[PDB]
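Residue strings, one per chain:
2 protein chains.
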Amino acid sequence: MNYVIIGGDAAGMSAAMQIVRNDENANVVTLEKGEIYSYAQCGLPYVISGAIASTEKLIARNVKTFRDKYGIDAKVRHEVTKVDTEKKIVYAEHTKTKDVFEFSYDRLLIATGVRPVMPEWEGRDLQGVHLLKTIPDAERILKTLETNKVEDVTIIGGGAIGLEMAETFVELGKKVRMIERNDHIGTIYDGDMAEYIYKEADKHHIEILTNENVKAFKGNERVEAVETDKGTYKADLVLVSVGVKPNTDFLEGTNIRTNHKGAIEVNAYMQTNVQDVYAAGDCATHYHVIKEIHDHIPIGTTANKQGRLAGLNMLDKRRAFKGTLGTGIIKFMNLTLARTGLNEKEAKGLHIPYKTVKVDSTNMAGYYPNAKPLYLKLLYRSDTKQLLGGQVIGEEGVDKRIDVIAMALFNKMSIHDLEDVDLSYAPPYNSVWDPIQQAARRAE
Amino acid sequence: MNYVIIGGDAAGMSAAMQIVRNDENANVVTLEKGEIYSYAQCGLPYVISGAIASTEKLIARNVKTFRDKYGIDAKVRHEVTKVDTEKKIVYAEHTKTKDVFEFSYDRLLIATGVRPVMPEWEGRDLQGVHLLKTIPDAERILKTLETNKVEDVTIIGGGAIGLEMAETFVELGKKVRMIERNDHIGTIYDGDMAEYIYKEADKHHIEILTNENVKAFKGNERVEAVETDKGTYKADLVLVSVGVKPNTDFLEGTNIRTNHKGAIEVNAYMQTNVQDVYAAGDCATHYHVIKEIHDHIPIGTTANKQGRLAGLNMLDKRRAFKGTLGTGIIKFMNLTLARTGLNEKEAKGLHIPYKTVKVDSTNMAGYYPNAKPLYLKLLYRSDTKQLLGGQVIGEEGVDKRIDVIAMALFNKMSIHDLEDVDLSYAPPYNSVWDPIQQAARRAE
Ligand SMILES: Cc1cc2nc3c(=O)[nH]c(=O)nc-3n(C[C@H](O)[C@H](O)[C@H](O)COP(=O)(O)OP(=O)(O)OC[C@H]3O[C@@H](n4cnc5c(N)ncnc54)[C@H](O)[C@@H]3O)c2cc1C
Ligand SMILES: Cc1cc2nc3c(=O)[nH]c(=O)nc-3n(C[C@H](O)[C@H](O)[C@H](O)COP(=O)(O)OP(=O)(O)OC[C@H]3O[C@@H](n4cnc5c(N)ncnc54)[C@H](O)[C@@H]3O)c2cc1C
Ligand SMILES: CC(C)(COP(=O)(O)OP(=O)(O)OC[C@H]1O[C@@H](n2cnc3c(N)ncnc32)[C@H](O)[C@@H]1OP(=O)(O)O)[C@@H](O)C(=O)NCCC(=O)NCCS
Ligand SMILES: CC(C)(COP(=O)(O)OP(=O)(O)OC[C@H]1O[C@@H](n2cnc3c(N)ncnc32)[C@H](O)[C@@H]1OP(=O)(O)O)[C@@H](O)C(=O)NCCC(=O)NCCS
Ligand SMILES: NC(=O)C1=CN([C@@H]2O[C@H](COP(=O)(O)OP(=O)(O)OC[C@H]3O[C@@H](n4cnc5c(N)ncnc54)[C@H](OP(=O)(O)O)[C@@H]3O)[C@@H](O)[C@H]2O)C=CC1
Ligand SMILES: NC(=O)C1=CN([C@@H]2O[C@H](COP(=O)(O)OP(=O)(O)OC[C@H]3O[C@@H](n4cnc5c(N)ncnc54)[C@H](OP(=O)(O)O)[C@@H]3O)[C@@H](O)[C@H]2O)C=CC1
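Protein chains in written order, with this note's numbering: chain Z, 393 to 836; chain A, 393 to 836.
Isolated chain Z (complex conformation):
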């Protein structure tokens, strides 16, 4: 009867909705550290660009709706500081009054997600230096753009947020610099595919600095320059975009197993090693369909899927999580960047014998007007020909191809089986053989 959920977003509320719909008698307490429930973090870069009117448009479901319509005891400003798994008590500190509140549970879900990482650089706390995770985070970025005269913008880290925010700031008309400590931006992509990302960024006059290490942020009350090991550069706004960390530190003292990055280990049923404690979303581990191992690939699709499943399993409606494929898709200027399954570094690290096929193709019939280039790469096992992963880059029809590849990986298809699938063709949408099929035909 007593369900407690820590975290009031994708994984947490997906679980809450399951419990509420499938048990009329349940007492559901959800504990949220912030003031905002069920909101779309994915839309934040597009609010900051001005493409979306305001952050209000990103709220999927109000806390008032959760309380009045679904009878969930949804708490805001309740930060969980510790859990006693023997007594089955959750301790939450009110973020403003600092008052401490106890919540006894029969079953507990941890759905605290991840937080962005800020390294211990000098200048960390300078005005105009920003992380991006929450709605207040985006408002603070908008506040800087509103009050300051922003011309030069520097982004540290060339992963998912870095890439999307590089677009956002270019669209806002700023001079954009990206600094990455690795060999290239779009680190999940293989060296060969990443060249297309670099080209697109260069095309829009984004300065890319690679194998370069941030030293400090210099400035007065506010950030003025980013210092690195190779130079000092003017920056009116700095976005720090260097990765994330599971919000699981408050579990120190429990016997709850975590991986090396602090992600909570879960079995097929979203259960931790501690009786009646569950975890879901970005704070938990994610079984990988292809790796056959628990990975950590924090993403919104997986968070919702895991949250829904945790809720179901907490009700003893037993259902296994089938896993992640590491699917990811990004809009980057005029390019769509998509990947799923293993890249070459992942396959190598696993000692899986693999081969690759790469095709420079078009999204649709070559003779049809405004047919655009499509670059597609597949990895497959050299012995069994099992499809392992894909990377697709292009202006159009990239999401379609990565979704088809994802379906193939999910069903453990051989690369040559792709040739036999009755995919759709008309001139405005595809070629008579899809690029995926033409790649498959090239495979050994």
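Hints are computed from structural coordinates only; laboratory data are not their basis. All C-beta atoms, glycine included, are put in the ideal place defined by N, C-alpha and C. Certain hints may be false.
[Stated by the list, open to error] With a straight-line cut-off of 16 Å between C-alpha atoms, the simulated EDC-like cross-links for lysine to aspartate or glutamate are:
#1 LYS804/Z / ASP775/A
#2 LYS804/A / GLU563/Z
#3 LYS804/A / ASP812/Z
#4 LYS714/Z / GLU811/A
#5 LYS714/Z / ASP809/A
#6 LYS714/A / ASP544/Z
#7 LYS714/A / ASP809/Z
[Unchecked claim] If you want the ones that stay clear, here's a sample from chain Z, every Cβ over 10 Å from chain A, calculated:
#8 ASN454
#9 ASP529
#10 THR539
#11 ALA608
#12 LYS653
#13 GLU657
#14 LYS697
#15 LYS714
Given the coordinates of chain Z, assemble chain A with the ligands onto it according to the supplied hints.
Here is chain A with the ligands on its own, set in the frame of chain Z:
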């Protein structure tokens, strides 16, 4: 050593390429009735609209290449009138000189496709009455549009060609009427999905006449009117697009088995019941993955796949055709119309117990600008929940959804298994749950 192929397009030449690549000692003779090899029939409507420069842009590989580069004895203007399967001789008539040539085979492939049907209406031979199949057919339509004052166009038959050519004629600024003997245009769609087709046509001022039967075409030399059982209407150009018939009449007297419509029955290996005689493409039957019987769904994707497989099997590189799903996609004005697997009429005619789910959704995140409506319907087995079919209609993202559904059907997935697939999400491409997955969740 002696391979003979009848028909020089998609299925025939896919076969020819396989044989030539996988047997240097092969003597490949291909016999084509017309003057044009390997061309894209799919691009015909877009040549007529003027979207594509000319019909020359539709040739994939010309006869000179086949002859010079690949060593295929590719014959033009050779119409096969008879096959003696006992003596293993193909008899062909030169279409100009009418002289008779014979060709000895070790293995034979029939790849003669289908022809458009012209019912025996009075005035069917009038100038301005057109069928659409070949490049010359398209040039004859362009001849009428050029040399004659065309303002009113009547299309008979509301299927694939009728729908695409309605767009073409509207885009050319004509007053378009289409006449269907059935209850609605886009007959393969269920009644409820067909409503979206009617709305789009109505929006663009296409007169749709339903349950109406053409009886004659009126005029002196040219058409000036179409007579029906419900009236007589002015028409300066008439397109007859009422279906197709397999080009298999010349086989009467061979023992080669055909279905009721005249399509050549083939086994898994593209083999007929007659030793060393093969068939592929639109002239052949198509094993249906879901129906589990041999169907006839003539389409370019299937023709290439079967052509390729016939070539391979004629070399004794044994490989089974896995089947068709009945996948089809059509651009219709502002709409994209896609279907795959079973519709309700098919499921009913097969006595497969089924249920449906229909979702009115968006192609991408609802909060993202220019998110467009997406209408999606799934059929699934009542007992096992096996996915059976899908229909998707919308302005954007329809091809992606039907390809995912096709992949699911190919792998015999349960409808609820769709919930577990790590499909891609970013706001410009999808919602955090894809519409297919939301539909799947609604299923019983
Ligand atoms: C800029 C940006 C763009 C993104 N774009 C995409 C995209 O395009 N596609 C996609 O699939 N994903 C995207 N994501 C990722 C996606 O938004 C997240 O993976 C998803 O929100 C994770 O859901 P969750 O419920 O596990 O964690 P969260 O959504 O982070 O929810 C965790 C909640 O727990 C609360 N919490 C933390 N600690 C405590 C505590 N001690 N006590 C009480 N409450 C606590 C937090 O306040 C937070 O609200 C994006 C993320 C960002 C930041
Ligand atoms: C307007 C139009 C649009 C289309 N759009 C699409 C689409 O968007 N997507 C899609 O997948 N499909 C589409 N198709 C269908 C696709 O083009 C065909 O299914 C494909 O061409 C079939 O290939 P085939 O080799 O079996 O038959 P065909 O391409 O018709 O080839 C048969 C050949 O055999 C020859 N022949 C016939 N009889 C004899 C004989 N007795 N002796 C010698 N030669 C003979 C014919 O001249 C012909 O060249 C479209 C078709 C049309 C007409
Ligand atoms: C044009 C046509 C002859 C193509 O034949 P095809 O065999 O499919 O294509 P190609 O001859 O280019 O050869 C492709 C093969 O070469 C291989 N290949 C192509 N480029 C390669 C490369 N760069 N490196 C390695 N291999 C390559 C492919 O793997 C493929 O191998 P497979 O045949 O063993 O699977 C045939 O499709 C046709 O006649 N079509 C008519 C037009 C049409 O399709 N109409 C219907 C439209 S609706
Ligand atoms: C908003 C949120 C609470 C949605 O919860 P949800 O349970 O997925 O969705 P709903 O509460 O609308 O309920 C959906 C259920 O109702 C059913 N349903 C919905 N509409 C229906 C209809 N018209 N007819 C019949 N059934 C319907 C569905 O079948 C589904 O059933 P299931 O849960 O048993 O599979 C949750 O996703 C969330 O908190 N999200 C945060 C925002 C987010 O997604 N962020 C990450 C972005 S990267
Ligand atoms: N469309 C989508 O799928 C989107 C998803 N997201 C979500 O947000 C999460 C986090 O995004 P993000 O913050 O970009 O994290 P990412 O891991 O995606 O990117 C961080 C990048 O910064 C690099 N980096 C680390 N330290 C430094 C440093 N000191 N100097 C320069 N570069 C450094 C990392 O390299 P290294 O490997 O060496 O650490 C990595 O390449 C994602 O996992 C995803 O869940 C966000 C936006 C869009
Ligand atoms: N994008 C794509 O997938 C495209 C594919 N094609 C290919 O071309 C082939 C043939 O297309 P098409 O010619 O349109 O054939 P279709 O079967 O697609 O459509 C013909 C329609 O005309 C109807 N009809 C039959 N007789 C009459 C009549 N006397 N009066 C009015 N309507 C009548 C048929 O109904 P009924 O069922 O009762 O006979 C049917 O609805 C397709 O099978 C496909 O292979 C062509 C264009 C686009």
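Hints and how they fare:
Only pairs whose Cα atoms come within 16 Å are accepted, and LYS804/Z paired with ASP775/A is rejected, the gap being roughly 25 Å. A C-alpha spacing of about 45 Å is found between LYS804/A and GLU563/Z, which places the hinted pair above 16 Å, so the restraint is violated. Note on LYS804/A and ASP812/Z: the hinted pairing holds, with a Cα-Cα distance of about 14 Å set against a maximum of 16 Å. Proximity of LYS714/Z to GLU811/A is assessed by CA-CA distance (about 10 Å); at most 16 Å being required, the pair is judged to hold.
Pair hint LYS714/Z plus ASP809/A holds up; C-alpha atoms about 9 Å apart against a cutoff of 16 Å. Proposed proximity of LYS714/A and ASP544/Z is contradicted: the alpha carbons are some 57 Å apart, above 16 Å. Proposed proximity of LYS714/A and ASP809/Z is supported: the alpha carbons are some 9 Å apart, at most 16 Å. Against the 10 Å criterion, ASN454/Z stays outside the reach of chain A, whose nearest CB is about 15 Å from its own CB.
The non-interface label for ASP529/Z is consistent with chain A: the shortest C-beta to C-beta separation is roughly 17 Å, beyond 10 Å. Look at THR539/Z: its CB is around 26 Å from the nearest CB on chain A, clear of 10 Å, so calling it non-interface holds up. Interface exclusion of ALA608/Z from chain A stands, the closest Cβ pair being 33 Å apart, more than 10 Å. No beta-carbon of chain A comes within 10 Å of the beta-carbon of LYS653/Z; the shortest separation is about 20 Å.
Even its closest Cβ contact with chain A, about 20 Å, leaves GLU657/Z beyond 10 Å, as expected for a residue assigned away from the interface. Residue-level check failed: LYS697/Z sits 7 Å from the nearest beta carbon of chain A, not beyond 10 Å. The beta carbon of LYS714/Z sits about 4 Å from the closest Cβ of chain A, which is not more than 10 Å, so the claim that it is off the interface is violated.
Hint compliance for this structure: hints 1, 2, 6, 14 and 15 are broken, all remaining hints hold.
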